[PDB]
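Take a look at this single chain, the form deposited in one PDB entry, given in structure tokens.
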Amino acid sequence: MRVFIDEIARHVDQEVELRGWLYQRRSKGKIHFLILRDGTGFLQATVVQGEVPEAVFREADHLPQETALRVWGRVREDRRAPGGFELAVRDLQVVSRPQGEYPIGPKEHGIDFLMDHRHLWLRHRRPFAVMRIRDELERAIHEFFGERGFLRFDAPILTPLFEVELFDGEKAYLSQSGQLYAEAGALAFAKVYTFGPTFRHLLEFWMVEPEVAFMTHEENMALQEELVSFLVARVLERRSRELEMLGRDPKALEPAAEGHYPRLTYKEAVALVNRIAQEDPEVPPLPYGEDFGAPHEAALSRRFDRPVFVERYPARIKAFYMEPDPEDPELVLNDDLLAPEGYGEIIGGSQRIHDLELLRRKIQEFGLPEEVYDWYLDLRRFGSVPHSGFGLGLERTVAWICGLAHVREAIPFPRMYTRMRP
């Protein structure tokens, strides 16, 4: 029967069929060792001279990389085989051969060449591992919020920023965040999350944005920690093979899986960064009141062994909708979660204003057109409750978990100001 490499362990000592591609090939003495990929994994297939028809042995001599292939054989358990299993091949059929030379030979090229060939490069071991971890995270996000009674709530992408021309003279704008709509959602369904593209490194990325009715700042941070540690735990448990293919040290991820994330106020974070900047030539000072520069963010991130929260920034550098700190008028009740190892911010969140007049005056103080926000103001006129939410950047989270050098590797086909292709 036809099976997939991913399920090969369930078929030990049976005759099966694989359909896929020649990933690698080597020979020693009377054995050809093929590495086959079928899209769900990589598996050694042996072709043994004298134990298969000579035509089959010779045909298996004759296979360039990315030859498409059907192979038939017996599943063998064998710890000398990478994976722990191999296919003892009995028959083999070429489905197609490359028209030209395949552009990506093993262990050769630099990362940019590989990303220019992204549509082919996705087939290889490292992008395979990254994408399977990405899939694992997206599924696990839906399970995490589904099991807690959250409703997925798709925020609009077109908004009345990148500008889009509509029919006639009309113009719309690509969403940078579904949060405002998610708040309407939270007031209708108690607990919701968007899971969609937003547009601002990457021009285009994916954001999970939960909003919860009656939820406070502190509960908001607790929810963030709960989610991130669950996701790291889930990758550790189910994608340990992919982590291994990436050369990712699980020990760098285990603290995140256990929670108890350290927290810092903005003031404390600034003081810390400026202590670091004195003993360290490669970290510049940080004047109070400014947002964290890239080196500052990195220095904070590398200080801890798991994600670190930074909360209660100055109002002056945050958004109009954020709830003011009740014991400190210059600050708002917000938080950013920083991944360790220099990966930096993976979550941005806050408690939102629930008082009608406060929100009116904030909409003015921030010099905003009140009319366009009237519906948003309705959320305070009718059934207003304290509520909070946040947005998790999927690509930065993937990049961190996988240990990638750049976020563009975390998404199948990245869009950046420079590369917009394929």
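Whichever C-alpha set is largest while still superposing within 1.5 Å between the two forms counts as the rigid core. Numbering follows the first chain given and starts at 1. First, how it differs from the form deposited in another entry.
- In a rigid-core overlay of the protein, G29 has its C-alpha displaced by at least 2 Å between the two forms.
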The other form holds:
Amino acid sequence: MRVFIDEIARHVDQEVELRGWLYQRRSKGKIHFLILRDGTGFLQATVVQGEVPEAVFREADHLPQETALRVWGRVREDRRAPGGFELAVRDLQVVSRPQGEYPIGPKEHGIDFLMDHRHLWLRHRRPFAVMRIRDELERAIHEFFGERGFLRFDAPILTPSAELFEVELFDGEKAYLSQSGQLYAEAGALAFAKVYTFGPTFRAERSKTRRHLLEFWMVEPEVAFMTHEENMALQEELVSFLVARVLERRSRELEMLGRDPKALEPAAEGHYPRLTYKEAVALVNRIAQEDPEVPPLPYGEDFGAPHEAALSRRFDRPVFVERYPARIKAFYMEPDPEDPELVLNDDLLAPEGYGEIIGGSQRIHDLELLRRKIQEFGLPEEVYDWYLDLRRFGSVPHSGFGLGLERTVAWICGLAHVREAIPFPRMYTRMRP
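Now the other one: the form deposited in another entry, given that the block above is the form deposited in one PDB entry.
A lone chain is what you will see next.
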């Protein structure tokens, strides 16, 4: 029967067919050591002279990289093979040979070259591991919220009015690409108690930093009656579950990426530290004095990326920063009962310098307060009228957050740039392939 390398350990000492591509070849006299990939993994396949037909052994002697082929053989249990298993080849059929030199040969390639050839580079071991860890998280997120009784609520991408990317529609009229679905999620929250969006979002960010895409995916849970304290608990619950799931089921992928499991274990176990904005600023300024490279943060200013980086390295797991000043936050955020100047909001910083992976807050449930803050921020009340209906009719305290998938993937996989954490990234100077 045809099998995948994924489940090769099941079919020990058994006749199997593999369908895939030649990744690596090493012909030593009267034996070929192939490395096959079938899209589910990488496996050693030996073609010994005598055990195969001579016509087979000739093709295998001059068989280039990314040769599509079908392979028949018995699965041995070799201790000194990758993964602890190999295939003893009995017959081989070539399906396709490369037209030209395969661009991603056995050389050091620059990131630009690799990203230009991303459609091929995805076939290789490191991207392979990343996209599998990405898949694991996408499934895990669904299971997580599914069992909690949350309802997936796809927010719209095309948004009527309002930097943002604008879309030319019909007869001159224009729409904009969603930067966040939270406003719609709030409608869904009052409709279905506990919801979450899970679609793409688009920010026209001129940055070319290691944590910004023009196009990325954001999981945005929103729950009715849920408070700021509960918001952070749910955030902790999600991120710790996700990291645990990767450690449990994608340890082989982590190893391929050279990622130390012990870096992630604490994140999986929860008990995330909690700072206030005030305490966090103090700690940053304390670090800033110790290390001149870490810049200081004047109280009232927002956290730049180097502030978050330095702050996150002081802990072994994600850290919450809560209760920022109202003046540097969004209009919809509920103010702190004790301190009018603060808002009940939180960011979760991943460790090892990765910084913000989640951003959330409690939302205003009072009609006149929200109405008052709309004008204070100098926003047109017309465009947020449907948003105000959520305060006019059946208003309740509610909270939510947005989890960046690419950020979380980058952190968990230990990547240098978020672009590597999505099949085909879209940045300022990168729109291809």
